[PDB]
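Visitor: One letter stands for each residue in the lines below.
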Amino acid sequence: XXXXXXXXXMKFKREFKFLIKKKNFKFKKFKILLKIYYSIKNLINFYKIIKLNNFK
Amino acid sequence: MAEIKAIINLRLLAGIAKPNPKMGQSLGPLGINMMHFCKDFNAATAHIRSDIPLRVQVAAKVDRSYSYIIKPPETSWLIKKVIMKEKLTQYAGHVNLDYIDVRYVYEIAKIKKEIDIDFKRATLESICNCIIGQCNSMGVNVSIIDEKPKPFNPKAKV
Amino acid sequence: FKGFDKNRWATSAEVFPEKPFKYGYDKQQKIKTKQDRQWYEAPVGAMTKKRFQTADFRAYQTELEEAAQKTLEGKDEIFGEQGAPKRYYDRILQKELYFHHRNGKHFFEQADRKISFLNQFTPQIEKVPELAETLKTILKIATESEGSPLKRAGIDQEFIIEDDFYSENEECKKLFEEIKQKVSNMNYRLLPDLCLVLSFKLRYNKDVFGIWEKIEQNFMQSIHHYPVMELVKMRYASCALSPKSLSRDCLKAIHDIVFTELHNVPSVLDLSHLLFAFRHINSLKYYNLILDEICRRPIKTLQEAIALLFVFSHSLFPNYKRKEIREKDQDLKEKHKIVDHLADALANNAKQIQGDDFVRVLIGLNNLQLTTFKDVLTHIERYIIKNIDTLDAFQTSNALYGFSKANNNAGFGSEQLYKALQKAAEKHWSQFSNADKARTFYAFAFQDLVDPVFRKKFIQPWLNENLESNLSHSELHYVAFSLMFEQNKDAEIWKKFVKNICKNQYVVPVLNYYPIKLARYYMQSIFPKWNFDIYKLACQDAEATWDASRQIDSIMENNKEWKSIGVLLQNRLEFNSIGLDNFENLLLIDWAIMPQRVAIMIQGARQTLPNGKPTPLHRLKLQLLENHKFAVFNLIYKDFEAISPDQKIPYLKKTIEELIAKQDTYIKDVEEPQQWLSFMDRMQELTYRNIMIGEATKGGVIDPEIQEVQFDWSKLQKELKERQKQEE
Amino acid sequence: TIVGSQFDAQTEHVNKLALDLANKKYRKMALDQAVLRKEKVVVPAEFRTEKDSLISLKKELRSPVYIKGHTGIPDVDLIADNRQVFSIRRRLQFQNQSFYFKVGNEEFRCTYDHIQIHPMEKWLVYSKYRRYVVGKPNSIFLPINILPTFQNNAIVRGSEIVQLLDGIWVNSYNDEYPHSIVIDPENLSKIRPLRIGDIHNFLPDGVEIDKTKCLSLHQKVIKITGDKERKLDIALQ
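Protein chains in written order, with my numbering: chain A, 31 to 86; chain C, 1362 to 1519; chain L, 33 to 760; chain R, 163 to 399.
Hints in this document: simulated from the structure, not taken from any laboratory.
Keep in mind that the hints are not guaranteed to be accurate.
Once the Cα atoms are required to be at most 30 angstroms apart in a straight line, the calculated DSS-like pairs of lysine-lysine come out as [unchecked claim]:
(1) A:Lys59 x R:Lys202
(2) L:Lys670 x L:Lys592
(3) A:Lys47 x R:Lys352
(4) A:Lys52 x R:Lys202
(5) R:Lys298 x A:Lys65
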């Protein structure tokens, strides 16, 4: 195998798929959300303003 | 009259729409003519292959009038074609084995957008992200593949 | 890559990786237990040693069994490459972010003048004849003692004397107790003139020795015997400094009496003393009572109007104490009730003006954010040049600092002034403080008028000595402004500017942050080799709350140059216009189009010069955009007006359609394919990290399977022939 | 979402502010879990007497208070309002933060240890605290809080960090002491987990471990699993 004029050689075939086999389970870190969900409620307001500043 | 009595989802072959008794259970009591109905369906779908199963909706009304509407085929069936399997995983997330590459997703999304009335407002990232979550539920992944698949005709209940 | 070089085993000293920053708990403190502490080493698994030895043995075979075959078949450019600091990382008070550092100026000698027109607050030791022999003996002990204790009181906020100095010096402890035996039995009239001597001249705001507690009883027993203003003197005597030495009830009494008896305070100066003392009130309801009164009492002199601006300046009602829901811009309506009530007097007789009453107007207006009071300034332009030679060292800085930011940080003056004020600065150069010097060096770069003679003799050594250290954190910024306005590029000077910020124990304030982030992208464009990481920890807290879009609601009002061309962009012609778009939270572009990274910035009376050239701001900004590949149409508002009206709309179209295409090609030509390249290399750095190392090594040899992928190198070829060479 | 898609495409570039902001908070917290904020708190209160019985206070909605002292120190017991007590919880920092009590000119440091509530009636019975003095050992609870690291290779994929202990009991001998502990587990692995002595080696000079409370330094906190596929392939085969 060699980097030809029409090819992007890579490494470790198995682990491209493994990255692509990953699927983030909703439930493996539920505790850490409750630190985070109760903080992010305010960012939604921060995008009401920004995405609507143009309309002003 | 124009008021909507009911809505039904269906699945039909393009040019072989025919008064199957396995569709009169839904459209029978509403008094709709299966023959006069299927005529107007096959007329529109003459520019489509006959092997393919589509879906349709019907706003059945109070006077037993109707207004049929056509949608793209089932998004799952389209992927079983590319994937060359008929049946998918019991489980999901835990059992991930199937693989498509993006270069067909970009092509089957156009199917939905060219026809479906709901996505007329939508972009392609939007549509492509819709099926990936549908792929997470099925045992499917999106990985680069240079090769092409070979033809397969996965079943449909019709 | 990195992970293959990883140690098979880590010691106890190596589990916790190194850090850019120490914590505040690694400080050296009083009590300590490292001495008796013993060292713990994490054990190794008994079965792992049976794995460590074998791999050590199979590795040892292949060393000799291959060497046997040979006989058969044969950087940190800040602090240099070594040496660098480690910034202490701590949790922080709000105070550090809203504190004007008092170093770099003999403050109190300077600050007492500007109030000195208020006679009633002037402290007088000899007014208290019984204790004056005692109080003055104390102050000898203050200055004569080691260190600079009284001089550190207001200055070094990290230092206190109510606990370090007074509670330990046993001579003083006798002297304060001589007082307590007297305080109870004095007349009620001498108390407030004593309190001033405590709070300012001695810095005793606490109740350590229990002195104020006796003053309260001797005070509260005879509240009704006082006049009005002799209560106001207590307010300023106690509440003007950090501890409000008195109680609540003793102040609620003062606070409740006064706003009933406003009908009897005779003079307007008596309101001046009043408002300057009662400025820290949290209740809005009673500021209106004051200003509603001042709108009733007309002023018939000129010293009165000065005595209101200089007071109303510092004594505004902040917007954070106001409610969250309120009438629009109601803070402004509180102002112009005064300014409309003053505009006649200050305008009719501004020629009648003198050096002590001279300074306080420039300050009173700059602190008030207006652009109307030019007429007084013109009468002042004529004033200085006459008396240019007879001026003091003090009246020079405040002029140079005042005219620099006259009309809302747009200056006001002429080349006659500043060229004259060089000499006035060169006279008193040794007498200025470091704050005053920088503020001169701002005003010239603010107009591009620095003499090359003048930077060499005085500024150049001064900066060389004091830029690295011995310079307060607030004075770097007036330097940080100017140098980029001077367009300087000497790296050795920017080092000290950065080394200070990194070494400085104090974090960056939001009051002074806007240059520190400009100067970042200034140096980054020139020099990509630096690492500004330490220069971001010092900037960490300020950037959190930082937003540039806050300026929008003001510029939408006070810039007609912005809207009128804006009307043309939207109504008549057609593009994906946006409006004010914040450039990475540092600028807000006047007008932009996206995704094409297009800019339509504008010159104006704010941003032009008499020469017609852009202000040295408006060339600074248009560098940074170009540095980040962000197209530009520098518009000049005069030239657009000169265009005939029918040709004004297409003229923009002819430009914008072209500037788009230059970027539209550039996205195809460079960026769009080049993102795939970084993407596909980003994809490897993940797959590199997903490796089972023990499985991947599998001996000493590394045999990775390799995936072929279609990739269109037809566009870009420098990277093909750059990779194909190193890779083989 | 709140704006139509057709307008969002024009303003897709705007959302850098969204993501550039979340850099700032979550990094700030993640590094500020350890440090006590430098902000003085005060609690006006009153002494105890034999007159003020519980139920007398509890119609007045005051509360008793109790402090346990240390070597050579006497205990102190006080009276205070309920709403003071809950406000003292309502800080982040309640597990360790130093709270003062002003009776008169005097101030008494303390920490939170716990509170008892009458469970069937659900009103506040007492609020118990622990004295703190600078020059002498003082019990505190240092919670453990583990950061995420995408720099290790096993942690990223199919492995699970296991925090067996929430905190550590220690003795502090100085004014400012660390709120908590923060760990970067890159160098850890299945082969070695973290052990308490790896912490004992890295602390300030004013801190020591309370051996009376813990079992042994060889005890371990953070453990790391093996891979899941290497199980799963073996599970099926």
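Visitor: Which numbered hints are broken by the structure, listed smallest first?
Guide: Going through the list in order, the structure violates hints 1, 4 and 5 and respects the others.
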